[PDB]
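Visitor: Now for the letters of each chain:
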Amino acid sequence: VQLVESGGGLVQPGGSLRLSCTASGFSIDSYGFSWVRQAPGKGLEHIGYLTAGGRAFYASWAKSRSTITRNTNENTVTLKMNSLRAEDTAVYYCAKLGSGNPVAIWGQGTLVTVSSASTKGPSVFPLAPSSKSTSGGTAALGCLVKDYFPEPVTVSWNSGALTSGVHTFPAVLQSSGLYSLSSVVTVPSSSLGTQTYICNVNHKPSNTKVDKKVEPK
Amino acid sequence: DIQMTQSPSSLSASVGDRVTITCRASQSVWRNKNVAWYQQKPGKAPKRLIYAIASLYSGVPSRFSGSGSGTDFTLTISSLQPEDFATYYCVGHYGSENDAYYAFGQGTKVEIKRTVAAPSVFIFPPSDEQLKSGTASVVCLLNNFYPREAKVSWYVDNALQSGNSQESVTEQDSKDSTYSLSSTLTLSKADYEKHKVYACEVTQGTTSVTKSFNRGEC
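Protein chains in written order, with the authors' numbering: chain H, 2 to 82, 82A to 82C, 83 to 100, 100A, 101 to 214; chain L, 1 to 27, 27A to 27B, 28 to 95, 95A to 95D, 96 to 212.
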């Protein structure tokens, strides 16, 4: 069984989000479903609940702008929220919460960024290790992912083969209103001349992927 | 209007400690039954640990247990482990003829206390590719340290910098409970090429460590 949120991404202030929750491995009318959101760094906020009986119940704050419905033929439940403001930026989750039932099902969530800015893909620069180590048997290297919008970017190393010692920092909002982050990894200093290190940067909002080989300088 | 009042808002505990998190329901929980506990780790969706007050999901370790009597609901971690770093939330459901509502607790941020660990400090010059485009990002990395508090200062030809750097910090590591931190100094290409010595100075307690490079030298 799976739940997958679709829609979302960049939305303009004053507009609406239309989020769909598609079920796979079971029927959507078999359980009731909630919509939950979480603004970046903040707590969980319940939006509304659609019973398996089809009736919608909303948290008081959300009743005036939110409509939750389901389409059995598509196997989906849908959240509509109009009159969006910056404060509506959040990861939106569809979930069977299972507070008293043994069955709980969650989606991965989808980030909705409420902004009038345009999408911008990242520039990717190496954070190169020295050929001759200056830090013992363990060297650091990475990739600077600069000037993108909206979030998120994801970074993997060697297409997922390298995960140990990786730190992908939270994005920082720059004074330009564009994001930047670095992803770094520590590796054996002896491996530099022999092991290849490639950062795989994906910025799905701009349908852009960058693969950058990071070589000693 | 149904509310779950969760305490403490945060706590610091050592590996092996017993942790108790409490949630007070503003009313009878559906049928004094619809309370669950969720655990959210950095970057992930919330994961349900406990349902129906005290039933442990089979994918969750037995170190976690839920209890409830009256309006008090309690999550107990019997022997805290490093991987338990997370924010924990209670959730309650309330039913009625014309009412089907959920309320989340505000969350409890569980931090792992551990021994002091000095950062490994690395400094990275801007790439030649970035410099061609007109900007210079200089990156200082503080890797795998504890506690979180560290003062990072930039010096350019021995002049203390102010207002031209930003920091980012990771969440506590799920295996060794350390932090890592980046400080990024941003200069125009023109300003970068007017100076030679770039240094990041990292102070924790009685120790200051400075890592430096000379522009163009390697």
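By construction, these hints were calculated from the structure, which means they are not laboratory data.
Honestly, I wouldn't trust all of these hints.
Said to hold, decoys possible - To give an idea of the interface, some chain L residues facing chain H are shown, with a C-beta separation under 7 Å as derived from the structure: (1) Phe116; (2) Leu135; (3) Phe139; (4) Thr172; (5) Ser174.
For each residue, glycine too, the CB sits at the ideal point set by N, CA and C.
Visitor: Does each hint hold? Answer for all of them.
Guide: A quick look at each hint next to the structure:
no., hint, verdict
1, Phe116, "holds, 4 Å"
2, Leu135, "holds, 6 Å"
3, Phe139, "violated, 12 Å"
4, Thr172, "violated, 10 Å"
5, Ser174, "holds, 5 Å"
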